[PDB]
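Shown here is one chain on its own, the form deposited in one PDB entry, set out as structure tokens.
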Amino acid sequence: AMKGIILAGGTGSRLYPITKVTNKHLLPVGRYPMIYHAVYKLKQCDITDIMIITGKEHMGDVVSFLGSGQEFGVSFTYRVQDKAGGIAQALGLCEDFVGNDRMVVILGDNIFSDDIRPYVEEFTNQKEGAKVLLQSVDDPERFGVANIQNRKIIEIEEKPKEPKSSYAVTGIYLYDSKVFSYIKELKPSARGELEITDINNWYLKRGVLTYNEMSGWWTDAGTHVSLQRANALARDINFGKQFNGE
């Protein structure tokens, strides 16, 4: 089987004061809270076993919205992310939840048009490793950047000052269970310094990373400008009576 993981932690400071009290991932994006989008993408892949990671202070509001998943035809489990570490350390918390299965990890503020199903199906037919999804963007300096040559990723660089390409590595990662070994057997405070790019480069060096360029639009929702854009793009998105309630 295939497990789903949504990373909804973070300070959301980029968005203060709107996120003074509210968690970024509960802010509107179209007619739905940001996080709904991630839940919908996974549901459309028949990935119903989902783990939600978020901060201690915001778990109440997240759970109030998501509940057990009954109302969305899915099933949620929650873990708390602590003050220290970021996106990479948060993934470690899912080791037991995943077990020997495979993963689709979606950073909560990554909103996009594409059904991820086709990429999940390819990954399912991939003997081992990982898969990243790329999106060509205007300001690659803000993201992880894929350096592609002759249809192969030679290197990934986090926030490069002078980008080698414009292919941003989106926050949708497909991983096998070996990712936990890398993190798990790091270590120790080196795991606090770890970034998702390092994990991706680890698969790359081992020669088991694959990639696909996404078709539709994509955007993060972590700044006022990008949050607004996400709302413009999401205006007409409709998830059906199951997500419209109630």
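The term rigid core refers to the most C-alpha atoms you can superpose between the two forms while keeping them within 1.5 Å. Residue numbers count along the first chain shown, from 1. Compared with the form deposited in another entry:
Only one of 214, 186, 208, 45 has its C-alpha shifted by 2 Å or more between these two forms once the core is superposed, and that residue is 186.
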Given for the second form:
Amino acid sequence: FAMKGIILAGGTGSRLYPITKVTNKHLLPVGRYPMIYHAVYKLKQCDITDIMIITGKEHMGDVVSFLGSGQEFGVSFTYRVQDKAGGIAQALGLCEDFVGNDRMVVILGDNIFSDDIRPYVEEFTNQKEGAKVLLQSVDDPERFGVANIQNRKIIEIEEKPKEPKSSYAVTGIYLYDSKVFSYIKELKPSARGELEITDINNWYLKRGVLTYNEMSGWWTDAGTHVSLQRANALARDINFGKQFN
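With the form deposited in one PDB entry in hand, show me what the form deposited in another entry looks like.
The text that comes after this line covers the one chain and nothing more.
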């Protein structure tokens, strides 16, 4: 033994092309708000008001037009550009100076879910050091990072396994201490040309300082047509009040 927020809103959006030809996936509707508003509200609800937003050079104009300084939402934004869609871990690496010695909650912009994050953030704040991942039991684990759980302990995490050990998806909501940046520096682009967040989670795991919690409500990614539509249906009654209009 001071909590920062990070929303990763980069990527090409190729899977959703052409609805992402001009826009940027995280500015597409999810319910009555642009997708990215959900991540902002999740952090705000936990009193995490210092938030860094990462996106592509081309997309930054539109993202900033929506989010501004953050004053209208009761938060405070800082922006950085990710040159190429080189990976989640690469995007997170740009936030090193912003986080400093504090802890952070990282939310992948296309992850939409019902749980409040506060209970998890509070537990993590009571955790001496390390990281925490949030799990969701899913029907199609092959699409995600998958946690191999034995006797209530994570043995290993595997990214998009052809033969999943379980149905526990490691969601895109990560809680980290500042040590993550020193490890991000020991680079390895995977078979698909990316710095993998699963490698980071396994590093903390091997160090014996990774904890996890199973989420209670619904969760979905919004990066495919079917899952984007699902997120929209699930999000119908979500209301953020007059600050978010």
